[PDB]
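There are 2 protein chains.
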Amino acid sequence: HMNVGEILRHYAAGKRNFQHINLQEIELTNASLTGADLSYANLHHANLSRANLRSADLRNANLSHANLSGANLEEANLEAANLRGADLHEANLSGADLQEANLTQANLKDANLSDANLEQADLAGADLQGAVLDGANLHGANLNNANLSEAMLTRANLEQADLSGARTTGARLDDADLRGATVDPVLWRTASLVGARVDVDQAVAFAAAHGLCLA
Amino acid sequence: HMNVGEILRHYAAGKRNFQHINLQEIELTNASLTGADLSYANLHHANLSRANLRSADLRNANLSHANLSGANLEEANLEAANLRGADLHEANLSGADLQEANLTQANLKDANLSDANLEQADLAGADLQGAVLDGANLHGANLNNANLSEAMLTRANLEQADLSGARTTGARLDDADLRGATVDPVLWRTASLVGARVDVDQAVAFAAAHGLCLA
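These protein sequence lines are chains A and B, in that order. In terms of the authors' numbering, the first sequence is residues 20 to 234. In terms of the authors' numbering, the second sequence is residues 20 to 234.
Possibly wrong hints are sitting among the right ones.
A few chain A residues facing chain B, derived, Cβ under 10 Å [claimed, not checked]:
no., residue
1, 26
2, 193
3, 194
4, 213
5, 215
6, 217
7, 223
8, 224
9, 227
10, 229
11, 230
12, 231
13, 232
No lab work stands behind these hints, which were simulated from the structure alone. Virtual Cβ for every residue (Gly too), placed ideally from N, Cα, C.
Make a model of the complete structure from these sequences and hints.
Take a look at the structure:
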């Protein structure tokens, strides 16, 4: 286990390789660790609030129940990272690689996921209220029981995603690619879908969600 | 040509066969001629306003530009009748047989067509504003450029009908059978369609009319 003073002094010296380091429960609020290699690092329940992790390598890191509120994660590699129950409200994840990452129960309220890669990511039960995912890739993502209320998913790729139980009042899916997604009928009635791309199966479902009978 | 006095005296005597009779331009306002056989009768520009023609046989009759405003035509046989430009506003055509009848340019404002047979009927350019066609059969009917504003077409059969150019603001097509009909996309945005039955082709068109892209 490395403590605050150590890690910061090492980073200030120009050290960047902190892979596999145990930093569980560390207090690193407002800390800047851009470009640091924290791949496989244990940051369970760490406080990284408002920290600058722009372009950092966090692939496969343990960030479960960490505080990342307002943290900068632009273009950070978070592929396969454990973010279950992490607080990411108002974080900047623009262009971050979150493919196959565990975001279950995560707090992504008002977060910026623009152009982020969320391919195959598990966002089950996550709160994405007011979050911005314009141009993000959610192909094959799990959005079960997610809160997408007032989320912006415009021009997002939602192909093969699962939106079962997701709350989509005020959600904006304009120009999003929806083909192959699993959705509740209420989505067709709640989300804005101007230009949103759909299957024939889905078109039918949209019609039926509007009370037409197709028998 | 039989005049008013004649025809009414004959009807009052119990005569009912007036088939092929020439009654062009006759004034028969408020007249009762129920059950009369006026098949093939020439009633061009006749005034039959408020007349009672319940169960009358008017099959193949010339009623072009006739005034039938408020006339009772319940269960009347009007099959193949010429009603081009006839004034039928507020007439009661409940249960009438109007199959293959010419209603082009007809004034059917606030008319009652409930349970009427309009199979293959030509209603091009007719004004059906506020008319009631609940349970009416419009299979294969021509509704080109018709005014259906605030019309009730609930539980109507609109299969194979042509609604190209028809005005459908406030129109009610709840439980109507729409399959095979030709419609403008604006219809999917204007008419109420709770329970209205549709083709897959149409479901798609409904989705597209709501701005979804199916490519």
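Open item on the list: Output the indices of the hints that this structure fails to meet, ascending.
Closed with: Hint check: 1 fails alone, others pass.
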